[PDB]
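First, one chain by itself: the form deposited in one PDB entry, in structure tokens.
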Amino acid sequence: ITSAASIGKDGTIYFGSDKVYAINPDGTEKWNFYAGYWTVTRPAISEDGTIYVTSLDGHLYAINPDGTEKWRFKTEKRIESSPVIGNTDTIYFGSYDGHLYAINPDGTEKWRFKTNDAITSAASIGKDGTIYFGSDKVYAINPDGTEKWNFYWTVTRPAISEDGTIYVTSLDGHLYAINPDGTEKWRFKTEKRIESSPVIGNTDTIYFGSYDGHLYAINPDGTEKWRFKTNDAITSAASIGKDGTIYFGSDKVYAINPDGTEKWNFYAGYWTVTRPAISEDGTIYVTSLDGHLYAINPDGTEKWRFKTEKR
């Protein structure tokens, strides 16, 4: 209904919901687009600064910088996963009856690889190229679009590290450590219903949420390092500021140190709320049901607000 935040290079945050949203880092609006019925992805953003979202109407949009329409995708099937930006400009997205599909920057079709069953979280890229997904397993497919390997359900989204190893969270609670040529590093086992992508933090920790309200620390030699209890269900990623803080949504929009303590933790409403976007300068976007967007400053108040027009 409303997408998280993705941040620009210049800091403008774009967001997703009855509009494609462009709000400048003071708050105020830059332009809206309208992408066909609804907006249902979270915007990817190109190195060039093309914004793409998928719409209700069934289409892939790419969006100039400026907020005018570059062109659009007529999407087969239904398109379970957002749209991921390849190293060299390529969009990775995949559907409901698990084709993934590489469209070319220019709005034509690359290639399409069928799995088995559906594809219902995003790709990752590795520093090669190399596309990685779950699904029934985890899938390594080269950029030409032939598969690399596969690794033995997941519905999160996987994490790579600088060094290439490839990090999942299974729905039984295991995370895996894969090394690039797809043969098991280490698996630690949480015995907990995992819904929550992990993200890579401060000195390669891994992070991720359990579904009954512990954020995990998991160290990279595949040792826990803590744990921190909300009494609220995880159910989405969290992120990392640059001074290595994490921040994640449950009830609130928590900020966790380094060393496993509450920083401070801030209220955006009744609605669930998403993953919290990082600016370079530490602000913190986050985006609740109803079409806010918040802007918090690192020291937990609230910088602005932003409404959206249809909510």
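Whichever C-alpha set is largest while still superposing within 1.5 Å between the two forms counts as the rigid core. Residue numbers count along the first chain shown, from 1. Compared with the form deposited in another entry:
Of the candidates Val40, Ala277, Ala44, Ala255, the Cα that moves 2 angstroms or more after core superposition between the two forms belongs to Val40 alone. With the core held fixed, the Cα of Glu76 is displaced between the two forms by 2 Å or more. Core-superposed comparison between the two forms: the CA of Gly11 exceeds or equals a 2 Å shift.
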Contents of the next structure:
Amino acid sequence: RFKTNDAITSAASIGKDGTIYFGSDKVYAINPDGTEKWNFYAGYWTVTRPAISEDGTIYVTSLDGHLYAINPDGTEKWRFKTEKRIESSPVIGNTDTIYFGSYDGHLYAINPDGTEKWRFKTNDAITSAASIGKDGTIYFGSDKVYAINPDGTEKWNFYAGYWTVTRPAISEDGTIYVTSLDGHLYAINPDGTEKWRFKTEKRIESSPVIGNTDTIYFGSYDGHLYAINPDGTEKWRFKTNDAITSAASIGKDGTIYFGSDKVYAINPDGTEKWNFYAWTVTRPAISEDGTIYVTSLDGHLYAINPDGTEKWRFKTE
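Switching from the form deposited in one PDB entry: structure of the form deposited in another entry?
Just the single chain follows, nothing else.
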């Protein structure tokens, strides 16, 4: 190991009423006008993006080892305990099951009532979030890419370089995309065989995202947002001055939003639509009315108009 930090601010996620939730020293719920709606203590620190259920429940994983289920009013619905820190963002899939990886080596599947559905054991900490395909298979990566059956048994695994810290994306045709620390974007067939691999010369910490006629986008440490055709060839790159460490988000018209040194908005064709100066910035969250929200690692939440101008800025301390 090494001297670590851990005190950073999470990406935002948006409720159905437009409430914006993120985690830091606490779990904040922020109104669309930038005023704090409420405040929730979820252990000593939260670095993970909240997941919002169709009934309004907000799920937060904490460095204190718990998955918290929080009601819309800010009260605790339940907490689910592990004995280790969670750096893996929770994902809801299949029929309201909540999935997250643990520093104890397990992928957890949690029922909506707060009870454990199953665990799947690996030999090292999982820090990355999971993804669920149309048949219910659960994919995540650590020392390998795992495909887990809905009953919690391993379906297959796949070696995509020495380690993976990102979230898989799953196309309509069932291809699983995994960005690896070895610099590759892997396309994996549903049976676990490699479809293709696309190479960069640097590490990737940006989870891939799919949009605009099945194009795959991901950020690189070489400073570029890459746009990859479904056949594994590069469509275009857009260059920024910093490493990109978080996933992009795709607006309704197909605009690609991401943060590195600035918040950037990019047309499907690779041309810059705008940028906005806002410490590194996390994955943008886009509301139904087109407002863009990003957090900065040092505890700011920014609301940005579709034209790229700031609307407001909420500060933690």
